[PDB]
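Beneath this line is the structure, given in C-alpha coordinates, with notes to follow.
It is the complex with one fewer protein chain than it really has, and the rest are unchanged in position.
Naming follows writing order (A and B), and every chain is counted from residue 1.
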Amino acid sequence: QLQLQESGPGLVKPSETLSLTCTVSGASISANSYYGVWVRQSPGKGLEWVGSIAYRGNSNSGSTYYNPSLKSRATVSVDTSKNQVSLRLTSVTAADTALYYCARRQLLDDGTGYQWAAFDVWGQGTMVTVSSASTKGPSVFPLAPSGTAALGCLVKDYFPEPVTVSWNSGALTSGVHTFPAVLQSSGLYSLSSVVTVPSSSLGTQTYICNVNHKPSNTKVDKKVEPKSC
Amino acid sequence: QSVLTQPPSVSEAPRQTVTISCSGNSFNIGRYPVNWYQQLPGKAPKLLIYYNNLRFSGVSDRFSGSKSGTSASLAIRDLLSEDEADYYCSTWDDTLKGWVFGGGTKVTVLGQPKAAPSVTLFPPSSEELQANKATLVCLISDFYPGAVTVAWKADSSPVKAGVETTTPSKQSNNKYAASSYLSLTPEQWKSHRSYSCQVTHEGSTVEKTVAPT
Partner (left out) sequence: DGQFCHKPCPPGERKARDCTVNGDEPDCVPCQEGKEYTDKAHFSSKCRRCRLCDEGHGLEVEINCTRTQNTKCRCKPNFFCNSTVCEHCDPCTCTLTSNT
(Lines give C-alpha, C1' and ligand atoms only; values in the text may rest on other atoms or scores of the structure.)
Protein backbone atom coordinates (compact mmCIF):
# COMPACT_ATOMS: atom_id res chain seq x y z
CA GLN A 1 0.00 0.00 0.00
CA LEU A 2 1.26 3.47 0.89
CA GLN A 3 5.00 4.07 0.95
CA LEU A 4 6.88 7.28 1.67
CA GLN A 5 10.38 8.31 0.62
CA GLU A 6 12.24 11.42 1.68
CA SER A 7 15.02 13.07 -0.31
CA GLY A 8 17.12 16.21 -0.28
CA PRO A 9 20.65 17.57 -0.05
CA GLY A 10 22.51 16.23 2.99
CA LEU A 11 24.48 19.43 3.67
CA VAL A 12 23.08 22.97 3.93
CA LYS A 13 24.78 26.22 5.00
CA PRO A 14 23.50 28.56 7.76
CA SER A 15 21.19 31.47 6.81
CA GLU A 16 20.34 29.41 3.71
CA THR A 17 17.04 27.61 2.89
CA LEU A 18 16.68 23.85 3.47
CA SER A 19 14.40 22.03 0.99
CA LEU A 20 13.17 18.46 1.25
CA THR A 21 10.83 16.28 -0.76
CA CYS A 22 8.53 13.46 0.36
CA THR A 23 7.48 11.13 -2.46
CA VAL A 24 4.26 9.17 -2.08
CA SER A 25 4.00 5.75 -3.75
CA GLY A 26 1.36 3.02 -3.77
CA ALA A 27 -1.47 5.56 -3.76
CA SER A 28 -2.43 8.98 -5.10
CA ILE A 29 -2.33 11.95 -2.73
CA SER A 30 -4.83 13.75 -4.96
CA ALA A 31 -7.48 11.01 -5.15
CA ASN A 32 -9.29 12.08 -1.98
CA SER A 33 -7.54 13.95 0.79
CA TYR A 34 -4.10 13.48 2.29
CA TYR A 35 -2.74 14.75 5.61
CA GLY A 36 1.06 14.89 5.58
CA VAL A 37 3.51 15.84 8.31
CA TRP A 38 7.20 16.32 8.84
CA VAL A 39 8.93 15.05 12.03
CA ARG A 40 12.60 15.51 12.79
CA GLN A 41 15.15 13.90 15.07
CA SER A 42 18.47 15.40 16.04
CA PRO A 43 21.05 12.57 16.12
CA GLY A 44 20.75 10.49 19.30
CA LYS A 45 17.84 12.67 20.42
CA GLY A 46 14.06 12.53 20.42
CA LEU A 47 11.30 13.38 17.98
CA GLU A 48 9.90 16.79 17.10
CA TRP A 49 6.86 17.47 14.92
CA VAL A 50 7.64 20.29 12.43
CA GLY A 51 4.41 20.92 10.57
CA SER A 52 1.44 19.66 8.60
CA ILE A 53 -0.58 20.04 5.42
CA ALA A 54 -4.15 18.91 4.94
CA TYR A 55 -4.52 18.54 1.23
CA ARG A 56 -7.54 18.09 -1.02
CA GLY A 57 -6.75 16.74 -4.48
CA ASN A 58 -9.89 17.92 -6.24
CA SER A 59 -9.26 21.60 -5.49
CA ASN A 60 -5.48 21.21 -5.60
CA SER A 61 -5.01 23.06 -2.33
CA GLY A 62 -4.21 22.25 1.27
CA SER A 63 -4.19 24.10 4.56
CA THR A 64 -1.10 24.15 6.73
CA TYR A 65 -0.31 24.17 10.43
CA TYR A 66 3.14 24.61 11.87
CA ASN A 67 4.92 24.05 15.19
CA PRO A 68 5.03 27.53 16.75
CA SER A 69 8.62 27.01 17.93
CA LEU A 70 9.78 27.16 14.32
CA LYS A 71 8.88 30.85 14.33
CA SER A 72 7.35 30.69 10.81
CA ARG A 73 10.60 29.41 9.24
CA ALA A 74 8.81 26.30 7.99
CA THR A 75 6.47 25.93 5.05
CA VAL A 76 4.95 22.76 3.66
CA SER A 77 3.42 22.38 0.18
CA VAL A 78 2.18 19.81 -2.34
CA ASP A 79 3.15 19.07 -5.98
CA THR A 80 0.27 16.87 -7.03
CA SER A 81 1.66 15.92 -10.44
CA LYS A 82 4.68 14.32 -8.74
CA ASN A 83 2.76 12.85 -5.77
CA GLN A 84 5.08 14.85 -3.51
CA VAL A 85 4.84 16.78 -0.28
CA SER A 86 7.70 19.19 0.39
CA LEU A 87 9.32 21.00 3.32
CA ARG A 88 11.06 24.35 3.24
CA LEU A 89 12.97 25.69 6.23
CA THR A 90 14.46 29.19 6.08
CA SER A 91 17.29 30.79 8.04
CA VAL A 92 18.68 27.46 9.26
CA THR A 93 21.32 27.18 11.98
CA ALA A 94 23.29 24.39 13.63
CA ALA A 95 20.22 23.57 15.76
CA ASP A 96 18.39 22.50 12.59
CA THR A 97 20.68 19.50 11.94
CA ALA A 98 18.51 16.35 12.13
CA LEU A 99 17.08 13.28 10.45
CA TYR A 100 13.93 14.49 8.64
CA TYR A 101 10.96 12.11 8.32
CA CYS A 102 7.74 12.53 6.43
CA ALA A 103 4.64 10.64 7.52
CA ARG A 104 0.89 10.38 6.98
CA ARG A 105 -1.65 11.37 9.67
CA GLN A 106 -4.61 8.98 9.62
CA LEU A 107 -7.82 9.14 11.65
CA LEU A 108 -8.08 5.61 13.09
CA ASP A 109 -11.28 3.98 14.36
CA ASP A 110 -11.51 2.56 17.87
CA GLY A 111 -14.34 0.24 16.86
CA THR A 112 -17.07 2.13 18.69
CA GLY A 113 -17.53 5.19 16.47
CA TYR A 114 -14.60 7.18 17.88
CA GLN A 115 -11.51 8.17 15.84
CA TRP A 116 -8.11 9.45 16.93
CA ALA A 117 -5.16 10.69 14.85
CA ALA A 118 -1.87 8.84 14.55
CA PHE A 119 1.11 8.91 12.22
CA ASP A 120 0.52 5.50 10.67
CA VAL A 121 3.00 5.47 7.76
CA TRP A 122 6.50 6.93 7.91
CA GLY A 123 9.30 7.46 5.38
CA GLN A 124 12.82 6.09 5.89
CA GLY A 125 14.19 9.53 6.80
CA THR A 126 16.77 11.78 5.14
CA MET A 127 19.70 13.19 7.12
CA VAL A 128 20.42 16.93 6.99
CA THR A 129 23.53 18.62 8.33
CA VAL A 130 23.73 22.40 8.66
CA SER A 131 27.24 23.79 8.77
CA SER A 132 29.10 26.76 7.24
CA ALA A 133 32.37 24.81 7.41
CA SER A 134 34.92 24.28 4.63
CA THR A 135 37.23 21.28 4.57
CA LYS A 136 39.47 21.52 7.63
CA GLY A 137 42.02 19.20 9.24
CA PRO A 138 41.86 18.54 13.01
CA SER A 139 43.98 19.81 15.88
CA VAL A 140 45.08 16.88 18.04
CA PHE A 141 45.62 17.33 21.79
CA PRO A 142 46.86 14.65 24.17
CA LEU A 143 44.67 13.36 27.00
CA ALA A 144 47.39 12.73 29.52
CA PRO A 145 47.04 9.93 32.08
CA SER A 146 47.14 11.22 35.66
CA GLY A 147 46.72 -0.36 38.70
CA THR A 148 45.66 0.92 35.27
CA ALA A 149 45.22 4.37 33.76
CA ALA A 150 43.26 5.98 30.95
CA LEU A 151 44.98 8.11 28.33
CA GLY A 152 43.78 9.41 24.98
CA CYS A 153 43.80 11.91 22.15
CA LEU A 154 41.25 14.67 21.60
CA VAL A 155 40.69 15.29 17.87
CA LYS A 156 39.27 18.84 17.72
CA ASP A 157 37.41 20.80 15.05
CA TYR A 158 37.45 19.10 11.64
CA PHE A 159 35.21 18.86 8.61
CA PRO A 160 33.83 16.82 7.06
CA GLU A 161 33.67 13.29 8.47
CA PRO A 162 35.38 10.96 8.82
CA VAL A 163 38.55 10.72 10.88
CA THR A 164 40.30 7.42 11.69
CA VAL A 165 42.45 6.75 14.75
CA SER A 166 44.94 3.99 15.50
CA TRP A 167 47.48 3.70 18.32
CA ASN A 168 51.16 2.91 17.99
CA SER A 169 50.48 2.29 14.30
CA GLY A 170 48.01 -0.51 15.04
CA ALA A 171 50.20 -2.54 17.40
CA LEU A 172 48.05 -1.35 20.29
CA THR A 173 44.42 -2.51 20.13
CA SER A 174 43.52 -4.00 23.53
CA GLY A 175 41.58 -1.50 25.63
CA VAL A 176 41.27 1.00 22.77
CA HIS A 177 37.97 2.72 22.11
CA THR A 178 37.49 5.48 19.55
CA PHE A 179 34.23 7.36 20.00
CA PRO A 180 31.80 8.61 17.40
CA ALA A 181 32.09 12.31 16.60
CA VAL A 182 29.98 15.12 17.99
CA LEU A 183 29.00 18.00 15.71
CA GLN A 184 29.49 21.26 17.56
CA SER A 185 27.33 24.38 17.14
CA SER A 186 30.37 25.80 15.32
CA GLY A 187 29.58 23.30 12.57
CA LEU A 188 32.84 21.38 13.18
CA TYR A 189 33.24 17.81 14.38
CA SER A 190 35.36 16.51 17.25
CA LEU A 191 35.97 13.03 18.54
CA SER A 192 38.17 11.27 21.11
CA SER A 193 40.06 8.01 21.27
CA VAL A 194 41.01 6.36 24.53
CA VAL A 195 42.96 3.42 25.86
CA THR A 196 43.37 1.90 29.31
CA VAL A 197 46.91 0.73 30.03
CA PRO A 198 48.78 -0.60 33.08
CA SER A 199 49.85 2.28 35.30
CA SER A 200 53.28 0.63 35.58
CA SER A 201 53.79 0.97 31.82
CA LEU A 202 53.44 4.76 31.62
CA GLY A 203 57.17 5.02 32.31
CA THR A 204 58.50 2.58 29.74
CA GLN A 205 55.95 2.25 26.96
CA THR A 206 55.35 5.13 24.55
CA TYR A 207 51.83 5.74 23.32
CA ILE A 208 51.15 7.47 20.02
CA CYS A 209 47.75 8.07 18.45
CA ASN A 210 47.84 8.24 14.64
CA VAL A 211 44.99 10.45 13.38
CA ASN A 212 44.07 10.52 9.69
CA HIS A 213 41.64 12.89 8.03
CA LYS A 214 41.66 12.07 4.29
CA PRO A 215 39.46 15.01 3.22
CA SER A 216 41.99 17.66 4.32
CA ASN A 217 44.97 15.41 3.49
CA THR A 218 46.32 15.78 7.02
CA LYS A 219 47.76 13.05 9.23
CA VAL A 220 48.97 13.64 12.76
CA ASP A 221 50.86 11.37 15.17
CA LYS A 222 50.64 12.61 18.74
CA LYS A 223 52.78 11.20 21.52
CA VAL A 224 50.77 11.15 24.76
CA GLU A 225 52.90 11.30 27.88
CA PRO A 226 52.42 11.58 31.67
CA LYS A 227 51.36 15.00 32.99
CA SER A 228 54.42 16.89 34.24
CA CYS A 229 52.67 17.48 37.59
CA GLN B 1 12.99 18.61 28.59
CA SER B 2 10.05 17.35 26.52
CA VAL B 3 6.63 18.09 27.99
CA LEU B 4 6.11 14.31 28.20
CA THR B 5 8.54 12.65 30.59
CA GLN B 6 9.81 9.13 29.91
CA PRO B 7 12.61 7.20 31.62
CA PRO B 8 15.70 7.08 29.37
CA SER B 9 16.15 3.33 29.84
CA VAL B 10 14.26 0.24 31.09
CA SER B 11 15.48 -3.37 30.98
CA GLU B 12 14.81 -6.97 32.11
CA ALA B 13 15.95 -10.52 31.38
CA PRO B 14 14.48 -12.40 28.42
CA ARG B 15 10.87 -13.53 28.89
CA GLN B 16 10.25 -10.97 31.66
CA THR B 17 8.18 -7.77 31.53
CA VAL B 18 9.04 -4.09 31.37
CA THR B 19 6.83 -1.06 31.78
CA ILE B 20 7.48 2.35 30.34
CA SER B 21 5.81 5.40 31.87
CA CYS B 22 5.02 8.65 30.07
CA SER B 23 3.81 11.52 32.23
CA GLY B 24 2.38 14.88 31.26
CA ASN B 25 -0.05 17.38 32.71
CA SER B 26 -3.66 18.49 32.43
CA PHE B 27 -3.15 20.22 29.07
CA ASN B 28 -1.81 17.18 27.24
CA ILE B 29 -2.31 13.62 28.41
CA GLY B 30 -4.90 14.94 30.88
CA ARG B 31 -7.13 15.71 27.89
CA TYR B 32 -5.91 13.69 24.91
CA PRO B 33 -5.27 10.06 23.95
CA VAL B 34 -1.69 8.80 23.71
CA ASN B 35 -0.02 7.01 20.79
CA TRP B 36 3.21 5.02 21.04
CA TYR B 37 5.90 4.62 18.39
CA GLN B 38 8.62 1.97 18.17
CA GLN B 39 11.98 2.81 16.60
CA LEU B 40 14.36 -0.08 15.94
CA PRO B 41 18.10 0.64 15.78
CA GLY B 42 18.84 2.36 12.49
CA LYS B 43 15.18 2.47 11.40
CA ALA B 44 12.42 5.06 11.27
CA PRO B 45 9.69 5.22 13.92
CA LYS B 46 6.64 3.05 13.32
CA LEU B 47 3.19 3.13 14.87
CA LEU B 48 2.89 0.62 17.69
CA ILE B 49 -0.10 1.60 19.86
CA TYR B 50 -2.80 4.16 19.09
CA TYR B 51 -5.67 5.66 21.09
CA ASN B 52 -4.10 4.57 24.43
CA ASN B 53 -4.52 0.81 24.07
CA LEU B 54 -5.20 -0.31 20.48
CA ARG B 55 -2.49 -2.36 18.74
CA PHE B 56 -1.69 -1.19 15.18
CA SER B 57 -1.83 -3.83 12.41
CA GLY B 58 0.98 -6.37 12.69
CA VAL B 59 1.77 -5.51 16.33
CA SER B 60 2.30 -8.43 18.76
CA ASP B 61 -0.21 -8.81 21.60
CA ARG B 62 2.82 -8.82 23.94
CA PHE B 63 2.62 -5.01 23.64
CA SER B 64 -0.14 -3.30 25.64
CA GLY B 65 -0.90 0.32 26.46
CA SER B 66 -2.98 2.16 29.05
CA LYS B 67 -3.66 5.65 30.33
CA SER B 68 -4.69 7.09 33.70
CA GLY B 69 -5.09 10.75 34.57
CA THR B 70 -2.09 12.59 33.15
CA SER B 71 0.09 9.52 32.55
CA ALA B 72 0.23 6.72 30.03
CA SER B 73 2.01 3.38 30.10
CA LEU B 74 3.42 0.85 27.69
CA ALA B 75 4.12 -2.69 28.84
CA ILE B 76 6.06 -5.34 26.97
CA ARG B 77 5.72 -8.87 28.35
CA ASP B 78 7.59 -12.06 27.52
CA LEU B 79 10.51 -9.95 26.25
CA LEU B 80 12.52 -11.02 23.21
CA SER B 81 15.81 -9.60 21.90
CA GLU B 82 13.93 -8.22 18.89
CA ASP B 83 12.07 -5.86 21.27
CA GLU B 84 15.25 -3.87 21.90
CA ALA B 85 14.45 -0.42 20.50
CA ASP B 86 13.54 3.15 21.49
CA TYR B 87 9.86 3.74 22.35
CA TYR B 88 8.20 7.20 22.15
CA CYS B 89 4.86 8.33 23.57
CA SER B 90 3.00 11.11 21.79
CA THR B 91 -0.03 13.35 22.22
CA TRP B 92 -1.47 16.82 21.60
CA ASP B 93 -0.51 19.67 23.93
CA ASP B 94 -2.96 22.59 24.28
CA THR B 95 -0.39 24.91 25.82
CA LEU B 96 1.97 24.56 22.83
CA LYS B 97 -0.91 23.99 20.38
CA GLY B 98 0.73 21.04 18.67
CA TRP B 99 1.89 17.44 18.60
CA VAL B 100 4.45 16.50 21.28
CA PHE B 101 6.61 13.40 21.94
CA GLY B 102 8.24 12.00 25.09
CA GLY B 103 12.06 11.97 25.21
CA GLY B 104 12.06 8.27 24.29
CA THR B 105 12.88 5.08 26.27
CA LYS B 106 15.55 2.58 25.31
CA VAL B 107 14.58 -1.07 26.09
CA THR B 108 17.46 -3.47 26.80
CA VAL B 109 16.96 -7.24 27.10
CA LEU B 110 19.75 -8.12 29.52
CA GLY B 111 22.38 -10.37 27.97
CA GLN B 112 25.06 -9.90 30.63
CA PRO B 113 25.42 -8.55 34.17
CA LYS B 114 24.71 -4.88 34.74
CA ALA B 115 27.95 -2.94 35.05
CA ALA B 116 28.63 0.53 36.46
CA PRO B 117 30.67 2.99 34.38
CA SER B 118 34.27 3.99 34.97
CA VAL B 119 34.52 7.75 34.64
CA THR B 120 37.66 9.69 33.78
CA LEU B 121 37.57 13.48 33.54
CA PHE B 122 40.42 15.13 31.68
CA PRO B 123 41.21 18.81 32.12
CA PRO B 124 42.38 20.98 29.19
CA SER B 125 45.86 20.05 27.91
CA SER B 126 48.63 22.64 28.28
CA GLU B 127 48.86 22.48 24.48
CA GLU B 128 45.22 23.47 24.02
CA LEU B 129 45.49 26.25 26.59
CA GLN B 130 48.45 27.63 24.63
CA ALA B 131 46.18 27.73 21.59
CA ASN B 132 43.76 29.81 23.68
CA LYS B 133 41.14 27.07 23.92
CA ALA B 134 39.90 24.75 26.64
CA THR B 135 38.02 21.46 26.45
CA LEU B 136 36.98 19.23 29.35
CA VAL B 137 36.67 15.60 28.35
CA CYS B 138 34.54 13.21 30.36
CA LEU B 139 35.06 9.66 29.14
CA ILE B 140 32.65 6.98 30.36
CA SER B 141 33.23 3.27 29.82
CA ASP B 142 32.56 -0.35 30.71
CA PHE B 143 28.85 0.10 31.53
CA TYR B 144 25.70 -1.92 30.82
CA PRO B 145 22.90 -1.33 29.92
CA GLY B 146 24.09 1.27 27.36
CA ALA B 147 22.37 4.37 28.73
CA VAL B 148 23.78 7.23 30.80
CA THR B 149 22.80 10.77 31.75
CA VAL B 150 25.61 13.37 31.88
CA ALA B 151 25.43 16.67 33.75
CA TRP B 152 28.12 19.32 34.02
CA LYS B 153 28.69 21.92 36.71
CA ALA B 154 30.99 24.89 37.15
CA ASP B 155 31.31 25.20 40.90
CA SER B 156 27.59 24.91 41.75
CA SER B 157 26.25 26.29 38.44
CA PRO B 158 24.75 23.82 35.95
CA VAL B 159 26.32 24.29 32.54
CA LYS B 160 24.53 23.39 29.33
CA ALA B 161 26.21 25.76 26.88
CA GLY B 162 29.09 24.21 24.96
CA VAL B 163 28.22 20.65 25.97
CA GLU B 164 28.20 17.79 23.48
CA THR B 165 27.64 14.16 24.42
CA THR B 166 27.76 10.97 22.36
CA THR B 167 25.21 8.18 22.27
CA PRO B 168 26.74 5.10 23.96
CA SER B 169 28.74 2.87 21.62
CA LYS B 170 29.54 -0.83 22.08
CA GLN B 171 33.14 -1.64 23.03
CA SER B 172 35.23 -4.62 21.96
CA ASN B 173 34.28 -6.36 25.22
CA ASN B 174 30.56 -5.84 24.51
CA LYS B 175 29.98 -3.31 27.28
CA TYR B 176 29.23 0.33 26.35
CA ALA B 177 31.16 3.59 26.48
CA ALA B 178 30.22 7.22 25.93
CA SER B 179 31.91 10.61 25.88
CA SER B 180 30.96 14.13 26.86
CA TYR B 181 32.72 17.46 26.22
CA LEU B 182 32.56 20.85 27.88
CA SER B 183 34.01 23.64 25.72
CA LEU B 184 35.25 26.65 27.70
CA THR B 185 37.38 29.73 27.22
CA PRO B 186 40.68 29.71 29.14
CA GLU B 187 39.15 32.58 31.13
CA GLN B 188 36.14 30.42 32.12
CA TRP B 189 38.36 27.47 32.97
CA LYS B 190 40.60 29.47 35.31
CA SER B 191 37.88 31.63 36.91
CA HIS B 192 35.93 28.81 38.57
CA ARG B 193 37.20 26.74 41.53
CA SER B 194 36.36 23.43 39.90
CA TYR B 195 34.27 21.71 37.27
CA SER B 196 32.47 18.42 37.55
CA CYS B 197 31.11 15.73 35.27
CA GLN B 198 28.26 13.77 36.86
CA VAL B 199 27.25 10.51 35.26
CA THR B 200 23.94 8.79 36.16
CA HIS B 201 23.60 5.13 35.24
CA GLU B 202 20.73 2.85 36.37
CA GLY B 203 19.62 5.58 38.74
CA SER B 204 22.81 6.30 40.66
CA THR B 205 25.19 9.13 39.99
CA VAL B 206 28.95 9.36 40.32
CA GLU B 207 30.96 12.54 40.03
CA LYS B 208 34.49 13.37 38.85
CA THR B 209 36.00 16.79 39.42
CA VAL B 210 38.93 18.85 38.05
CA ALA B 211 40.39 22.21 39.08
CA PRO B 212 42.60 24.80 37.28
CA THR B 213 45.08 24.34 40.12
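In this section, contacts are C-beta pairs under 8 Å (C-beta built on N, C-alpha and C of every residue); 3 or more make two chains touch, one makes a residue touch a chain.
Only one of A:116, A:159 or A:179 touches the absent chain when the whole complex is considered: A:116. Checked against the hidden chain, the listed residues A:30, A:41 or A:52 yield one contact partner: A:52. Residues of chain B that touch the chain left out of the display are 31-33, 92, 94, 97.
Touch with the hidden chain on the side of chain A covers residues 33, 35, 52, 54-56, 59, 61-63, 65, 107, 113-117.
Criterion: only the chains that are shown with their structure count from here on.
Put simply, the C-alpha centre of chain A and that of chain B have 17 angstrom between them.
Residue ranges on chain A touching chain B, taken from their complex, read 37, 39, 43-44, 46-49, 65, 67-69, 101, 108, 110-111, 114, 116, 118-120, 122-125, 139, 141-144, 150, 152, 154, 156, 173-174, 176-177, 179-184, 190-192, 194, 196.
Residues of chain B that touch chain A in their complex: 2, 33, 35, 37, 43-47, 50-51, 54, 56, 88, 90, 96-104, 118, 120, 122, 125, 127-128, 131, 133, 135, 137, 139, 141, 164-167, 169, 171-172, 177-179, 181, 183.
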